[PDB]
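Coming up is one lone chain in C-alpha cells, specifically the form deposited in one PDB entry.
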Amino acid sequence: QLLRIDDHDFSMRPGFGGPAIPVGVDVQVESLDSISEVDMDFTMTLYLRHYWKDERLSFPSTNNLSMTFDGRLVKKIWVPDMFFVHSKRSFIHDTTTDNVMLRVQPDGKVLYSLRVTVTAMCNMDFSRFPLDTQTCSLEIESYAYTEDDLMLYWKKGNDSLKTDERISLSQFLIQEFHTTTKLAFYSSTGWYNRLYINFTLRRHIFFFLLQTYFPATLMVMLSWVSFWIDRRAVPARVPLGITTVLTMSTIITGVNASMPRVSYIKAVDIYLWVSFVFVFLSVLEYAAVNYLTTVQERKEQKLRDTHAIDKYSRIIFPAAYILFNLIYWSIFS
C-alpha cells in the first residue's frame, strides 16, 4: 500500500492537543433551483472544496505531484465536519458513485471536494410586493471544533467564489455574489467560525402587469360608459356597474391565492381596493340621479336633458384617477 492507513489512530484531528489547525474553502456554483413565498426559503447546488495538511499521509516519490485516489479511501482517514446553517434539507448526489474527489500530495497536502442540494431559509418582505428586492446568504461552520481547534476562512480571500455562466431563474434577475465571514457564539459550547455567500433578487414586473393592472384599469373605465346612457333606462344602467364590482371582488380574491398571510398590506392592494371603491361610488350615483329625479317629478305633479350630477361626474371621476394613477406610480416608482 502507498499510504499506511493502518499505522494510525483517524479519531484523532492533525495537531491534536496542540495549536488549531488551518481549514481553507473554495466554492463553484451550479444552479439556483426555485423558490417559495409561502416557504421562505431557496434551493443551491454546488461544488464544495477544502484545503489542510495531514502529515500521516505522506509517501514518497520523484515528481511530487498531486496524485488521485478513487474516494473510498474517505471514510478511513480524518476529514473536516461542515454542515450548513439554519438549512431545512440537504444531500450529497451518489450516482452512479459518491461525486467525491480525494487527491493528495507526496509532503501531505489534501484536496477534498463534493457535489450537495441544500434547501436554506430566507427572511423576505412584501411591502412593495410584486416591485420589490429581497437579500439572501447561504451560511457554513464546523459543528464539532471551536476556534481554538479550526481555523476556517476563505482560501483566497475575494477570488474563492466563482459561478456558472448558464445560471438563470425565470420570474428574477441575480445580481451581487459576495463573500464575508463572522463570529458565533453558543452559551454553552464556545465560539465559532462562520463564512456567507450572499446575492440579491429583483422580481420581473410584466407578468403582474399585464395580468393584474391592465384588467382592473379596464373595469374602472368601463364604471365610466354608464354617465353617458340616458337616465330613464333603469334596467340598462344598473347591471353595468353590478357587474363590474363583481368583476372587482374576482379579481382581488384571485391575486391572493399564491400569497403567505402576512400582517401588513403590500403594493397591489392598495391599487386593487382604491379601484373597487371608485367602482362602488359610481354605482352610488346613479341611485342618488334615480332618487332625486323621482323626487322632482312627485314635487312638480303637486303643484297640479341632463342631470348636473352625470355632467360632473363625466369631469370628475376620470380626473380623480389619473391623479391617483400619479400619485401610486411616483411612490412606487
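Residue numbers count along the first chain shown, from 1. Definition used throughout: the rigid core is the maximal C-alpha set that superposes within 1.5 Å between two forms. Compared with the form deposited in another entry:
- Superposed on the rigid core, the two forms differ between these two forms by 2 Å or more at the C-alpha of one listed residue only; from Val225, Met151, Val79, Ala184 that residue is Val225.
- A displacement of 2 angstroms or greater separates the C-alpha positions of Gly254 between these two forms, with the rigid core held in common.
- When two forms of a protein are overlaid on their rigid core, residues whose CA moves 2 Å or more are considered shifted, and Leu240 is one of them between these two forms.
- A movement of the C-alpha atom of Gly15 falling short of 2 angstroms is seen between these two forms when the two forms are aligned on their rigid core.
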Contents of the next structure:
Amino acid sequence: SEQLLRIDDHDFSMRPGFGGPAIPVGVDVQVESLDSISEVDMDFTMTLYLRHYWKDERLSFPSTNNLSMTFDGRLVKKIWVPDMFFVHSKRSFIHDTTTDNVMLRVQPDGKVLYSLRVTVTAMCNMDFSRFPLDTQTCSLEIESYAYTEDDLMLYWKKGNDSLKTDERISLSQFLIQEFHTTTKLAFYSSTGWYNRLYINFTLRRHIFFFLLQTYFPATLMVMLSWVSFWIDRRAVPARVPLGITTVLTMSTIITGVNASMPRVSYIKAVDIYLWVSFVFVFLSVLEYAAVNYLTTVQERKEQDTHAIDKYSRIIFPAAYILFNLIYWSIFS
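Starting from the form deposited in one PDB entry, produce the coordinates for the form deposited in another entry.
Here you get just the chain by itself.
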C-alpha cells in the first residue's frame, strides 16, 4: 500500500494540478446531534460527520479490482488533503478514542474519499425582545482557509440531497425545525474571494409552560386586588392590611421570576406585563385611602356605598381588559 502509491516520487505541498484551473472538491454532511445551547453567550454546539471527494492521479495504483481500499490518518500527513474550517466558530476538535476518527478510501483511478468526526461550537446572534414568544434561526458555515476560488472549487456533492439528519435529535428546552443548505461567495479585503457553504435551521419554545409559570399568578393577584371594593368601608383594619399584603405577594412573585432568567440586560415582553400588574395593585391601595379620608372629613363636618367604590368596581376590570387586548394585539 505505502509502496503501491509512489509516495516519495511526488510533491504534496502542491495542490493537485497547480497551475491551470481550480480543483473541484465536493462535500457531504450527516448530523449526529445538537448538544447544547447558551442564550447568554449566543451560541450552540453540534456534532457531525464530514466527507470530501476529489481526484488525484498521484495516488493511482495498478490493480484490476475496480474497488476501493482503506487507510486511516497516518497517511493524511503524507499526502495532500484539503483544508476546510468552520467560519464563526468558538471551539472545535476531532475525536481520538480509541484512535483518530479518520477514514480514507482510494480507488485505482486515484479518486478519493476522506471523512472525519467533529464537534463544533458556533455563534448565533439572537434577539429576545419578544420573549417568551421569540423564534430564532441559526446556521453553520464551512469554508476553505488557504486557497481561493482560483485554486479550489467548493460545492455540495449532490445538491439538496447532501444533508442527512439523525432520527433521535432533541433538546430539553426547544423544538427544532427546517433543515436546509445553501451557498454564497464571500470576499476578504487583503486575501480575496472564497466559496462558502451553509446549513440552516430554526428554533421555537413551549409557550404553555411559560404561560402557567409567569402570566397566570400575576393575573390571579390582580383579580385578588379587586375584592377590596366589596368590603365595608367602615372595616378599616380589614381593608388596610389586605392591599399591602397583596403588594408584598406580587413583589415576591416578580423577584422570583427575576432570579431565574437568562440574564440579558434589556427590556422584554414579559417584564411589561409584570410591571403593569404591579401598577394596578398599587392603584388599588391608593383608592381606599381616598375613600377613608373623605369619610373622615365628612364625619368631622357633620359633627351606603361610597361613589368611588361603586365606580371602581366597574372601571378597574375594564381597563385591565383593554390592556390585555392591546398587549396581545402587539405580540400576537
